[PDB]
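Read the single chain below, which is given as structure tokens and is the form deposited without its partner chain.
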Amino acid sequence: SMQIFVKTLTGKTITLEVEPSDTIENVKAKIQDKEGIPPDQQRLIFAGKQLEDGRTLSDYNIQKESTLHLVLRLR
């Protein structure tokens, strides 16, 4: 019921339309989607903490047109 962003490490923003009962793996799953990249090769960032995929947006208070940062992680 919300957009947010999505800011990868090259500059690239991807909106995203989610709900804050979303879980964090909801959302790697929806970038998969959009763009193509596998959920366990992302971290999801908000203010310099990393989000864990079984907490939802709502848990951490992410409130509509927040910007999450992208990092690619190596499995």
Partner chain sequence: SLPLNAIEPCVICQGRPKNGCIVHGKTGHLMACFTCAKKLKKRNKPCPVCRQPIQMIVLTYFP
Contents of the next structure:
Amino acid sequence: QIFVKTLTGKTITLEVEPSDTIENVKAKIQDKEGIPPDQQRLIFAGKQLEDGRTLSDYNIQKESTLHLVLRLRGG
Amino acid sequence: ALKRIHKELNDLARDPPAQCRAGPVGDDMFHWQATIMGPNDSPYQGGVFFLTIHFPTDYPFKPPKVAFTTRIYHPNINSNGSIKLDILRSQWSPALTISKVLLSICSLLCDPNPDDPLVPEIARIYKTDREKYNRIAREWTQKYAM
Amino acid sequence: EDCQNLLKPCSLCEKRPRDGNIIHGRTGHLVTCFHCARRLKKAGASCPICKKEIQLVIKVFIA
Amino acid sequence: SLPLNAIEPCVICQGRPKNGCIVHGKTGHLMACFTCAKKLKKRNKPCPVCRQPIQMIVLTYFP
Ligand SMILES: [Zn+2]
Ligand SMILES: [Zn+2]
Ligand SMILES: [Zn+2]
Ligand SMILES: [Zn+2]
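Can you return the structure of this protein in the form solved in complex with its partner chain rather than the form deposited without its partner chain?
Next comes the full complex, and the chain you just saw is listed first.
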């Protein structure tokens, strides 16, 4: 189980595999919040989370909270 | 806008995002100061970065104007502290709140965009030798960001 | 303050939240889950509240 | 966290219940009041939450 703070500031609870991939998580979030994974950006420790990677890769322990904001581009 | 801005401050007062803080400077509810702590395991670690935030009258239909007061070394942010980031102009959404804007900005610190740079001169360093770009970013943090 | 009815479970199956919006013209009634609203439409039933024809059923996400 | 969300006022103006439903395809986001949501449509802005084009604003009741 992990927690996500949604764009509007609500907290949702997710059941996740330690080896789960960010791309999947976004998919889960799409099921709950109805947001396209292409419009999601997950932030942890102030750093973004790359789709290809996995919760394991990013060291996400149980109960750790992730922050959702909208996709963005620097320019 | 005030009712919206007040709500944003109240949630910031109580439960602020991991590293960020914001709130009005003095009297004017439409002028805020914010602080962003440099992300851990980045060249900005330990740096304390101050920003100014001016909410427009039609907020949040229009974006707040956000700029760095603290000097920072980064290809998408210039020496006026101007931030060229899409959610501050075209990609703005009225559902974004300062907390989330501030979080997006931290994530920009660790994931720049050298391909379409606000500061070309820093873009080349990021692209070519990254140990250098990181070296300078670290010096600027100690010089300017402490 | 009738906004609190959105806390109650679907008024029919009662196993799911009310995320089905039953749309008629430019208005809509959100008293049932998506699956129930979709099943009402499919059966040719009208809106259970206002008995207007059901033009569209959408899954609503609160935010 | 549904209790806090469904009963909170419009995220945009914070003055009115969220009865404007922003419709796109088979889904909608219920976030804003009807007035604030119409302004978005009228100015041809996309949905604040998912960024999808807004197909229409439905004034939504929950009895
Ligand atoms: Zn049902
Ligand atoms: Zn009806
Ligand atoms: Zn409103
Ligand atoms: Zn939407």
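Numbering follows the first chain given and starts at 1. Throughout, rigid core stands for the largest set of C-alpha atoms superposing within 1.5 Å between the two forms.
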*Hey, does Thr10 budge by 2 Å or more at the Cα between these two forms once the core is superposed?*
yes
